[PDB]
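Heads up, the chain below is alone and in the form deposited in one PDB entry; it's given as structure tokens.
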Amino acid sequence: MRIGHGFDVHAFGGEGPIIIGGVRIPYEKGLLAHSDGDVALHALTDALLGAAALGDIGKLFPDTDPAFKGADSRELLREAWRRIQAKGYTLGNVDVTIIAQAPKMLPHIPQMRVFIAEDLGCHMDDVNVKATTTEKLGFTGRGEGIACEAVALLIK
């Protein structure tokens, strides 16, 4: 078995909905990256890549690589998973912690787990997603952005 950790942060900016764990949530602010800014999926991708000793999202999808520029986070996840599986890895389980003061993540989590399990080719039970606030403290608590932590266990 192999352990991986991922951490990601995206700042608010613009309007439109945000996308967390592949799920569109309505919010007064959008998430500025060039990513879609799926904090949950990027942190998960890093947790998975890190468990496979394949580096991170940046190493696999560099700015000077036209293939995945403008691709959504799920596409990046599936590709990362593809290269992880090519190395001989199977999915143990994943656990994702969304750190956000707002919006409320809870009702949207079931569909995140569905989306993640589809992309990783696994069951509901292998994917856990949870949310928490920083009790109005820090940059997350001041509503400046959303953080996310993810761990992943892989089998070879």
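Definition used throughout: the rigid core is the maximal C-alpha set that superposes within 1.5 Å between two forms. Residues that one form lacks are left out of the comparison. Numbering follows the first chain given and starts at 1. What changes on going to the form deposited in another entry:
Looking at 70, 107, 88, 58 after a core superposition between the two forms, you find that only 70 has a C-alpha shift of 2 Å or more. Remark: 63-71 is the one run between the two forms in which three or more consecutive shared residues have Cα displacements of 2 Å or more on core superposition.
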Given for the second form:
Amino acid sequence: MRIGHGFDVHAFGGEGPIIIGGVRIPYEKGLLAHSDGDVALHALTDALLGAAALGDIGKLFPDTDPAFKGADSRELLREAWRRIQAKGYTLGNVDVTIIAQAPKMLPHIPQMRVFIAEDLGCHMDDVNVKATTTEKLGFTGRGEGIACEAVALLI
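Please show me the structure of the same protein in the form deposited in another entry, now that we have looked at it in the form deposited in one PDB entry.
Here we give the lone chain, stripped of any partners or molecules.
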């Protein structure tokens, strides 16, 4: 059993929607990023790479490499997962916590769990996603951006 932890942040910028956990969520503003800025999947990817001792998302897929521009975070998720499995690991379970004042993540979580479980080739029960606001405090409370944390357990 191996434990991992990931954390990510992306700033709001431009027009909506935003992509979180693979879900296109309607919002007044979008998120600024090289890729699709999916904070939830970056934090998850890092948690999994962390538990595998493979480093982090930026070590494997550089901000500098042009191909990663506009990149689908689920692709990165699946690749990191491919490499993790090849190192001999299997999924224990993952838990994600989206820290955002808005939009409301609640209704999109079921679909998120479907995408993530698909990507990790596991059952939805091994995947949990949740959300919380920082009750108007901070860059998140001010609507400046979204953050996300995640933990993973590999076997």
